[PDB]
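This document starts with one chain, in the form solved without this ligand, laid out as structure tokens.
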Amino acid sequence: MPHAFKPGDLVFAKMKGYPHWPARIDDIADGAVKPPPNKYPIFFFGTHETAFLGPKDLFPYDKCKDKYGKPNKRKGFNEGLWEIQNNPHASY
């Protein structure tokens, strides 16, 4: 059975106006800004932007990569596809 999301989990994350995007649940560094309640810091591969999202917008990477893990014209998407497959836990 599924668990709650945790830092390091790999997802496709959905934001309005954007395709489902390769991302991870980030950790929160000591002294860094915390997200609102029931939100997670989502690091977007390729663009390297962070947003605060709830689970409604988070799709598991392994289960959903066949649907969402295809090249896309948006800037940074294909770099992000490379990152999530080849070094998703690196420092960016």
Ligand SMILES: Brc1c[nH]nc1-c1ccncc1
Given for the second form:
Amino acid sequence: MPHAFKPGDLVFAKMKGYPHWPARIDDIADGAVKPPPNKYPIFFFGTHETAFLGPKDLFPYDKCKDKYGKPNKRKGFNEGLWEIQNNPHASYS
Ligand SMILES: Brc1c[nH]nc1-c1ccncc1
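Alongside the form solved without this ligand that was just displayed, please also present the structure of the form deposited with this ligand bound.
Next comes the full complex, and the chain you just saw is listed first.
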């Protein structure tokens, strides 16, 4: 049943030194910098930063929110929890 990751998919994404973080697979706009091969453009909710990650660091949101979706002290985390639950597809400019 699982497919490859696609723009709009909601995830927790893992960065070194950070808790699993609410995020989405982003689109790539025309003329924008493309990701390296086998990586995805990840938009992190709350901080609104972007990084390029491979699937080993991407966890489906609905399967893993009971484990990763509790509030955390790190800057922007609880804001990101609100975004992913309440408007995950908005433009955060
Ligand atoms: Br983890 C995370 C949450 N927001 N931003 C990040 C991040 C951390 C490191 N490098 C790029 C982006």
